[PDB]
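The data below hold one chain only, encoded as structure tokens and taken in the form solved without its partner chain.
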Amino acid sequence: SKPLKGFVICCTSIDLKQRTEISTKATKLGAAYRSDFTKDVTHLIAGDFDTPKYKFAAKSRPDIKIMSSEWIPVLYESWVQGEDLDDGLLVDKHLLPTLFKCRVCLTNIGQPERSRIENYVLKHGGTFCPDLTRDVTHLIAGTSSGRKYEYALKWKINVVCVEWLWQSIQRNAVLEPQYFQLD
């Protein structure tokens, strides 16, 4: 029984302990493992969007499935427990949310735009942040002015136009901020 025949798996933003567990179980399941992001990679297991590997997959590898860290351990346990593994291999259930680990704040944006943006952020696995804090990942700004904008620059927080959100959603992955800079 080799369920994951044809699968080539790579990890990013995963701790060594879980990474070893993943590589071990994935190999048992019949998959190939890669330390480097090579061409034959089919599945990227990610714990963050803010890595060279994730960014590469986002801009150049639309064919690659971005997976959550819990995919392999769950699939492996189901295998061992004698459960019948259906065609799909729990991939769809364990696809990483598009805005995983994104913490989105807004400025210079009115209603009902503000309400609609929050709607799509929550729907796609992100966190909405009414006030700006240092752990905010993206500030969506209508204009380049005001207290939030200035603190965003000072703290080196991504400042993007709303198109960042729409195209990240379309792509099913977080896109890099410079493509959506304010003019």
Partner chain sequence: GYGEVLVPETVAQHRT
Contents of the next structure:
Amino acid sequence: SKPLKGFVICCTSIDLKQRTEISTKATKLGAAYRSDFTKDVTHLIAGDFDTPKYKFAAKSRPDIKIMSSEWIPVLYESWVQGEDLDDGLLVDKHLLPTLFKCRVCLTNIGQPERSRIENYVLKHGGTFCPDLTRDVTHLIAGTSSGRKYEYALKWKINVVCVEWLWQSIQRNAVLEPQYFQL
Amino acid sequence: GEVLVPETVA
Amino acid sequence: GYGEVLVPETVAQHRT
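Okay, that's the form solved without its partner chain, but what's the structure of the form deposited with its partner chain bound?
Okay, now the whole complex, with that chain kicking things off.
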């Protein structure tokens, strides 16, 4: 009976069908559902990191949990089937992977730090890209030179130092690239 | 509540 | 359909 009383949920980059399912089920669970990102939002369900709502939460609101689209349907399913819930309300099991929708490429980084970066990208839900293509989201560069670097500038792909990755992992959110320039 | 970021325009 | 441009992974790698 109203397990999500006091929760205020908002979506970013969630398709209409899934957004309608989430708002309907979250409302039945007792939550408030907000189309705008209001000051009282507690949980942001995100389908991408490259949005103004996501950027605001990553920069200014670490208290707000960034959740996977599957959170509300999975919690609703347990609740409507009469299963016991706990005070965690499955939140920690459905946090959005930090590097969700990231496609990360590397350039000018030696071993073993190059393969360690690749492992961390995969561990945190990103896609690792050995080759640079126009759909890469971040190029982590050891130096500002070379073929991948020049093509990332041409394709307007973010070029960041590895500190972007480390700070994004510890912040549990993709951070903006202008703070991690070479 | 106070709007921090508006809804994405469809 | 059309070919894609790829910048290949660096072949010659170095140990830091």
